[PDB]
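The chain below stands alone, shown as structure tokens; this is the form deposited in one PDB entry.
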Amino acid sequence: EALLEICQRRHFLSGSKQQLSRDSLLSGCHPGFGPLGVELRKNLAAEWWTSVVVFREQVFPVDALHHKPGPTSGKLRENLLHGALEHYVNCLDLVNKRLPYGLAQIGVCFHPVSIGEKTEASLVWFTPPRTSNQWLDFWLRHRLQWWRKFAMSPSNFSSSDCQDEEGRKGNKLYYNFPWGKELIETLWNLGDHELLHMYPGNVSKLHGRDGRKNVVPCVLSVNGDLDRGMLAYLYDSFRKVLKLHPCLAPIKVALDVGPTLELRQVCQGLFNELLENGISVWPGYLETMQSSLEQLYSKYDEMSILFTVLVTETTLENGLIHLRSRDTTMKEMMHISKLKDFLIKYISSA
């Protein structure tokens, strides 16, 4: 229960212990995450987007409405697959009817538990039937590597081949939570049945190009839970330290001062620099209720803050600022001019 209390103290999970029952967190009946939790979820979404949509020439974003009107009134969505399949004909025009191509979307879906809300990342991968199993294996490996490369213990991310009630091939991704393995991502090799049902009539519209051959694509659907993924990463990260990934740490750097007026302007300039660079900074030069250095170090360790920048009296003399990392617990004296390049390189090369 130490992880939940640390999340409460560092604003990852809101509410008291009553609302922090792990069943509530898994189901989605919990209240919203804290600002640090929101930042961690946003980092996960950004990394997922970079891995799936940005670096693929055939994957495009898609916007699916949160509600599904009609057949007797409308309902709220439970999966992102339906809305993405609703845009297949329209998005065929982007890739000039070439296969494979994908539609991706990160959003919130509602399922009965009380209504539990889950942040889900989906990828509908229209493929010719010839290489559908090959693409399923490739996406299994790719998504498993994506989950593992941000984890301190990649062995806790596993896979399991599974068959649907109709015999459709598929795979399931799990994380080894302390209580048990909970499903976090599911790949199904759905055929053309969903497309044919959603588009009754002529199959000429759905004809994609497999090389020089027209064919109806096989819907490889990938759905991943980002709230449960964030909780899994919080468990994986957890001297009490949340060793979140440098590309997933909610707060990259916390700047503190150890000449009240001059150091304030120095820290303000460094704050503006790192921010414009693209690095979110926790202001540690504003806390009137100052504490000892060890207490600040413990607080920053519990907050998954990668670096603590210290501006002292000697900084004005020679420009050297102390810099402590979350990993070795050792700080290093580096010049102000070189701080932005070092931080950017540390974040990018991670």
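Note that the rigid core is defined as the largest set of C-alphas that superpose within 1.5 Å between two forms. Positions refer to the first chain, counted from 1. What changes on going to the form deposited in another entry:
- Once both forms are overlaid on the rigid core, the distance between the two CA positions of residue 166 between the two forms is 2 angstroms or more.
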Second form
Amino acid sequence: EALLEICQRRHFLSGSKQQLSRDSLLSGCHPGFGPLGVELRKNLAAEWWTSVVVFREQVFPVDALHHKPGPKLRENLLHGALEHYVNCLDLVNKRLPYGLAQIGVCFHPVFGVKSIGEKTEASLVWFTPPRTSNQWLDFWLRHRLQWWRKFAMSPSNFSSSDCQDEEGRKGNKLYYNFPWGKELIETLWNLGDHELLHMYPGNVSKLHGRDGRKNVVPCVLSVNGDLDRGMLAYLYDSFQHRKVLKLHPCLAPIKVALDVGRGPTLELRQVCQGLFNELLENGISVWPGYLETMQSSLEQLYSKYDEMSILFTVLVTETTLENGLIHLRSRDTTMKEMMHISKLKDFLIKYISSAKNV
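Taking the form deposited in one PDB entry as the starting point, write out the structure of the form deposited in another entry.
Next comes a single chain, given without company.
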């Protein structure tokens, strides 16, 4: 119950006036998210794209309009991918097993008057040859499962189930065991040539594709995951007397934070500016925690830094001006030591590589 309040206080979530209940956050009726939440969502989307899009060789992204052009807020991105597949077959040089994925905002209805809420979801439509089409979907059933262990503190929370229907012979559904309850965060559906016939009125020549030097109709496997809901579930799994969220460093909005205390004001400001510039140039996100004249307490500042998904806390004191050593504290280890100013960038790079490298 207090997790939402903590997230809102630390800029992890937006105001709770419109989305006080978890139902609004789960659906698209939530009143936005804080800058920390926006950063976390962007990092999660980038990591998912790198693992699914950039990591994959035959997979290239796609873009679908937020509104439906028609022939009304958009409900899914599969239609755009299916429409663009006609050109992508020739452009990709008969990429029979290739697919198109996109992470974007889609509108869903919530219901006196039923409203429309926008939520961020990642939809991937993959064309596969029929002879192993379902098997290709099974391959995703592994790869998506890998994402379940990509950043989740407890991989056992994620679960998978098999479902069938008239439209799709084989389908996979992924669920996350949130503290409130189990919620479906990923779904899979393997549609055949019926969708191609509906979109293409007898376009067998265009629908047929080159696979293994053979003309084969591509079956479309659509995998839809909840980017916002998935991020919320991962954040909840990260949390576990002290309320500290051990968020994944890769998806953490801020990696390191700069502070000023116990030293010259000009020297501390110069050191903080240099550290921020180095982090920006090196691609390391640095929280601009300096320029604070309050100085309430060290414990309060440490708690605020830990609650803000900060991988580590950096404090600059007279030791930095004396021998270049500043206080470095790791939230996960609950330990503090002295680290060199020059070695801070190397340590951050090593930590990022270790977190990214499984």
